[PDB]
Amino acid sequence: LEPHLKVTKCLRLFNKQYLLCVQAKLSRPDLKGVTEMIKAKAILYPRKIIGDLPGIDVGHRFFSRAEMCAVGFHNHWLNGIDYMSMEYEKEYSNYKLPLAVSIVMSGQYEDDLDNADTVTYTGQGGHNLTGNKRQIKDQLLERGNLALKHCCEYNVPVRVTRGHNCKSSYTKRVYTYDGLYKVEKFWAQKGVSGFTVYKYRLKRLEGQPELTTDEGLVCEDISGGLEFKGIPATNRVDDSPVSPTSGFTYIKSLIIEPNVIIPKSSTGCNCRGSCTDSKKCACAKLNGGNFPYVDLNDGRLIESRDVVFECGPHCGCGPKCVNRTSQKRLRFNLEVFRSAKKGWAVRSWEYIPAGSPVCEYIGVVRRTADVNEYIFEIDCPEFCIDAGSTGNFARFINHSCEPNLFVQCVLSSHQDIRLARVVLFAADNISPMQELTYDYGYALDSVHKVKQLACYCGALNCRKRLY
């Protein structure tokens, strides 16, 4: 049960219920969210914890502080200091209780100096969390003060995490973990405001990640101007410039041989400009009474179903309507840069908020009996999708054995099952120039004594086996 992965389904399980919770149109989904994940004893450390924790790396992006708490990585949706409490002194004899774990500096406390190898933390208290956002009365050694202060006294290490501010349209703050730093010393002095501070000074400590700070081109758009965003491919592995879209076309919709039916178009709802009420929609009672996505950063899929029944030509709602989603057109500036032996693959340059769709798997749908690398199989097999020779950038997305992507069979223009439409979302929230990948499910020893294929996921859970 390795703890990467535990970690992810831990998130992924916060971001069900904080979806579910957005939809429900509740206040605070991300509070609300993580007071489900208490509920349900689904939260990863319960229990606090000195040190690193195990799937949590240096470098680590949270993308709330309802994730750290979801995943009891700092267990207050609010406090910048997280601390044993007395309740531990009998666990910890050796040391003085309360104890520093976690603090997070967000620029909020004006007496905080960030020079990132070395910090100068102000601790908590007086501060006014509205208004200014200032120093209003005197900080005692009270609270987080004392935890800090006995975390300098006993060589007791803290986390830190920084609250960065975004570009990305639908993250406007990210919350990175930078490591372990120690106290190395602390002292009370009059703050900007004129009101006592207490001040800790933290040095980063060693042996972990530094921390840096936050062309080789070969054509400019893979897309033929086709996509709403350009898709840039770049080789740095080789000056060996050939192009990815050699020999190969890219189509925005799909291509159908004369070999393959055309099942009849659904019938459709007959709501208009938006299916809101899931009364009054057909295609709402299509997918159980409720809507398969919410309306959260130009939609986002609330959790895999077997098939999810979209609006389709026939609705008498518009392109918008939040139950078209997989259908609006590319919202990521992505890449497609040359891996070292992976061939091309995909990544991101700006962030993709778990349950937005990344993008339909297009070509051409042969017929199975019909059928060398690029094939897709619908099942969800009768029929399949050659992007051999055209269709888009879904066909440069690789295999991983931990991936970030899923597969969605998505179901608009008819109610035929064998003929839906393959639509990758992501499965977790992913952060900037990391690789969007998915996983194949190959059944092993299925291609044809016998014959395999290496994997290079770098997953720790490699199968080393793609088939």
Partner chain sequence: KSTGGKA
Second form
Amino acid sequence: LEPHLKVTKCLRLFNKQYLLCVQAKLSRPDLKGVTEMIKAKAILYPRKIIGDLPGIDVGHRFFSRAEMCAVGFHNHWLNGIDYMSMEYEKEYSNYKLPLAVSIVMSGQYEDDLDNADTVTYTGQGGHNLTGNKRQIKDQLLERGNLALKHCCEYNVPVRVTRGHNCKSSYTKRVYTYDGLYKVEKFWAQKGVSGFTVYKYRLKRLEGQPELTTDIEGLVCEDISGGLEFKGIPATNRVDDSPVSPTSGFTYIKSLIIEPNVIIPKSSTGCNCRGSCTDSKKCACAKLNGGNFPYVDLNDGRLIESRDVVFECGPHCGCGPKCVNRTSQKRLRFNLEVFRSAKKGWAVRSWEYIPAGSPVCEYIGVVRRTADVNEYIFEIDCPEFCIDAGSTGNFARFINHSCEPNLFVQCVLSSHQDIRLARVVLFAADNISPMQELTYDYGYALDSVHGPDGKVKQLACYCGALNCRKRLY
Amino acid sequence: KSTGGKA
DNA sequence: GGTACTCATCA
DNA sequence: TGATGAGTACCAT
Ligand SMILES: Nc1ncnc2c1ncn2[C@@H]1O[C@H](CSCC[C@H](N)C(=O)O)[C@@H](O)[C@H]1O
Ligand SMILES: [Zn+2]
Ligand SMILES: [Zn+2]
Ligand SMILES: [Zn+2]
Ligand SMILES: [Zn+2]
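Alongside the form solved without its partner chain that was just displayed, please also present the structure of the form solved in complex with its partner chain.
All chains and molecules follow, beginning with the one already shown.
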């Protein structure tokens, strides 16, 4: 309903289409995804907008030019300048069209000069897309150049987005929306290559969050035993009085099954060699409905949520590299546990997490529900639960949010008993560094009773704009 | 932390 | 109807 | 590091 959630949803839909196109092995699956969105009339803002788009805050990180197209934020996958054409003339009759609404600075034009609050942005045209990427003929005062000129003449602000190189395992580039700028002035001159360029001097508008530039409180060098492939440091910056989250808790990477919990019969598995690629041969694919739920991208990404995912298991002929073993693989990301202000322990990531990437299985002691605090995950896809009260992996440190960036996916691999499914946290969204990882616990309101009939309640502090204010 | 699920 | 244009993306 | 890539924007050899 609320604009941020509408944006979130639109971006999830685009991610789904993208990964489907990657799986279908199409060229430029990023662009194909957008084409799918256009076909489905699923572009969130299908008409041009001057100023801010609801739900896209200053600082918003886009993970591709295509994502910007999918939301309607910037409608060309290539062009630096997006503008209202003469089609908008009647709607904006007090302005002269064309009018620019959004530009992208990606450091591709040799005459661009970036000074943060102040920018000198080269017009479009006469630019080599490839090779040396230099100017190769004169520019003209038309199209985007004319559009920016009209912006200057009418005091119409332009959204400005910067490309940034990333040294990340999976994300090469990111685009940050940096707020509105005015076109202060513009002129023509010879560029550094000797051809005419138009130059647009832009000044960031007041009233916006400051442009941002880009070991402390350490309590534990690694909450895992050295067990996780990547260490998980813990910090308390909130309290002197710095006990570590591991106290009273022992880290395990594997489920422990209680005596009174029954171990289901093992699944038969598939007969593929090496890796499972063909949905015809592979029985595990057949279990998934005739298709692989994971795509082989960035070490494996879930295409979309399901009632249950059927992974290759102990008896499958495939080795550990199989893409249908995606959630079984080692921790892919550098994470941190940190003391929050009033949720206690929290987890965040130090690197980018692509949507569909596994974050972790919820590991603990599998107990019968009848035989049983805060760290119990009921398995429902309820007879059984995972008790991470005293022992488990890092999953138990992940907080609830009413607007989560993770989701829970039931996975079967070693057996076919949905009662005892593996519980795996996957990224629902593309996640940026230092963003807290959260999922929706989904306790129904007024769930726990004392009971004198008295409703025992817990206040929620996810800070989300649509918080419903209660865990239960 | 129970609920989930997306056929 | 036709097509020049285009601050990506990836092997 | 080349070769595509696709949706328009405006023209209408
Ligand atoms: N959104 C939220 N607001 C307030 N407390 C929260 C919360 N999400 C989780 N918690 C707290 O964390 C517990 C879930 S276990 C999550 C880890 C916890 N922060 C810890 O320190 O170990 C809940 O019982 C609740 O007390
Ligand atoms: Zn396999
Ligand atoms: Zn197989
Ligand atoms: Zn298998
Ligand atoms: Zn909340």
